[PDB]
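**Q** Given the coordinates of chain A, assemble chain A' with the ligands onto it according to the supplied hints.
Number of protein chains: 2
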Amino acid sequence: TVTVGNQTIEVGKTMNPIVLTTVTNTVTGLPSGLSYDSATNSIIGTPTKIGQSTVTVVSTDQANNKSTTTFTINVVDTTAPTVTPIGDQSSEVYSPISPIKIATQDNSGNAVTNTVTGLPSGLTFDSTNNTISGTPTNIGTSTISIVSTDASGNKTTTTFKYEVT
Amino acid sequence: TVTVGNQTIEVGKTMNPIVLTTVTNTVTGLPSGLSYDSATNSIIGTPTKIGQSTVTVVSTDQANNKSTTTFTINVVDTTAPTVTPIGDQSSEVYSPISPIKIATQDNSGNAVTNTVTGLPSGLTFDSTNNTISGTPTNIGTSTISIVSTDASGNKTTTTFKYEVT
Ligand SMILES: [Ca+2]
Ligand SMILES: [Ca+2]
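Line by line, the protein sequences give chains A and A'. A prime marks a further copy of an entry chain.
Counted the way the entry's author numbering counts, the first sequence spans residues 120 to 141, 149 to 291.
Counted the way the entry's author numbering counts, the second sequence spans residues 120 to 141, 149 to 291.
Heads up, none of these hints are tricks.
In this list, chains with the same sequence are indistinguishable; a pair is considered to hold if it fits within one copy or across any two.
With a cut-off of at most 27 angstroms between alpha-carbon atoms, the simulated DSS-like pairs for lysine-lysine come out as follows:
no. : residue 1 : residue 2
1   : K132      : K192
2   : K175      : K192
3   : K227      : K287
4   : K227      : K281
5   : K132      : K175
Keep in mind that the hints were calculated from the coordinates and are not lab data.
Just chain A, same shape as in the assembly:
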């Protein structure tokens, strides 16, 4: 058997090393974030860009006899964004609130979209600065729900209670 197909790895995570097995290997075309460890004949590191790369191994044996393999690594994003926790909130009706920042992070290098719902009346969400602000118009309790989506469509849902008094 010869192994064909993608070698699939997760962007922004430290990969399981890929062992090269049958000698001197010469590896090229590696994505940023990865390189080749002679001493373990392993490709290791953490890839930073989503996409496919075609990697070339030229191997030389003890008599300097040349050989060539190439294969594809596929760097994917299948992990959801993270969101800094937001505690339960309380403020007085008719008073402008201190803005609440939704801080998000993602294993991809990239921007995250937040969809916010269940907001107390009078309050609003600004997608440019990703903050909740405004002036509550009703007393009562709300559950504020945030769906954060990375560029590859992975979603996280975060909730917190808003209490207006």
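**A** Only chain A' with the ligands this time, still in chain A's reference frame:
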């Protein structure tokens, strides 16, 4: 692990099929004598030329997503020549013999060298037509020894008795 190095196979023999495993594979650069069996995702056949070939698999999955592996096949000769059997011989001293042809065959496409020794006196070997002829000058028994060598240095030894009466 990714498999690196030569895939080594024997010239003029029917290979163990190489299974391609992880889909539509597109195979190219195969040596003469081999091709790709879709239904088994196997490379099969019998190679005829000694040497290295670099073979390319482009695989397409169910969503038509492209992938690439390449590897080297190394077609070697490690098998000795064969020689048509020659029976024990008898002829009269002072009489020219009917020439004896040494017929050889080899799994490589190529020429074989025969080294002949232990010949009864008066007899000789012609390397161009590969035949023993001449006129025996002594009565007695000889053991005639033939070393046949292929182009890769694989050797077979064949013997037969010559009786001069
Ligand atoms: Ca992600
Ligand atoms: Ca041979």
